[PDB]
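Student: Taking the hints into account, I'd like the entire structure generated from these sequences.
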Amino acid sequence: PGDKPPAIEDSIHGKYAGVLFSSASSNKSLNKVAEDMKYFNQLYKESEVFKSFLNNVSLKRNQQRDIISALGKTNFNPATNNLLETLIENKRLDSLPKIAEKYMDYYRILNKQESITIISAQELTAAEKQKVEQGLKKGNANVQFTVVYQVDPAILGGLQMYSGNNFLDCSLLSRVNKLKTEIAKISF
Amino acid sequence: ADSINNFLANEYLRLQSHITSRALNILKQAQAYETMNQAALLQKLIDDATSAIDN
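Protein sequence lines correspond, in order, to chains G1 and b.
Counting the first sequence from 1 gives a position; PDB author numbering is that position plus 31.
Counting the second sequence from 1 gives a position; PDB author numbering is that position plus 218.
As a list, the in silico SDA-like pairs of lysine to any residue whose alpha-carbon atoms are at most 25 angstroms apart:
id : chain 1 : residue 1 : chain 2 : residue 2
1  : b       : 262       : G1      : 210
2  : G1      : 216       : b       : 264
3  : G1      : 209       : b       : 258
Calculated from the structure, these hints are not laboratory results.
Tutor: Here you go:
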């Protein structure tokens with residue numbers, strides 16, 4: 032997709048993840064590295080020793096290299112192996128988790144599927160929810176999506192949709208405030 | 219003689235200004251009160267509208 036990550040950032044983990052995304056997407060593969068990075072994230076939180084190993088800084092470079100090999104020398108894309116070697120050489124191994132997370136983020140941005148959250152005061156009847164799906168479809172009409180619901184507002188009879196990074200307010204509470212403000216400014 | 223004549227003349231002018239100024243201030247003050255009355259009536263109307271929304 033133009034060998035260009037979604038975003039460019041100067042942070043340590045951001046810099047490495049962008050290079051990995053570019054390099055990976057360059058040769059052929061991104062999904063393979065995604066599983067590798069996803070595996071590291073799950074392991075970083077599930078295995079206590081692995082977390083202590085990464086954070087450990089008194090460890091020598093050769094020692095870090097041997098332990099990584101013991102983990103696994105295969106089932107990791109060559110880019111991932113080269114990335115680990117570079118991190119060991121640059122003493123950046125401690126930041127390996129963040130990189131992983133960050134990478135998946137970018138990957139999840141490339142994912143077309145998105146989750147839409149609707150906020151309404153009144154409980155949404157199943158029949159009403161089906162109508163809402165029809166409206167969201169007709170609005171997009173070209174992308175499949177998963178819907179989520181949430182009802183604990185102060186607004187009433189209003190719908191507010193959150194879609195990843197966009198917010199659309201159809202709440203009646205907004206209408207109430209707007210009218211009370213404009214009526215005040217009549218300047219009769 | 220001339221001083222009293224000049225005194226009466228200038229005093230007559232001052233009294234004329236005083237009477238016209240009073241006649242003008244009364245009417246202007248009335249107009250201000252009238253505008254306030256009209257504004258209060260309309261403000262009452264707007265408050266009923268806001269109360270309808272609340273209801």
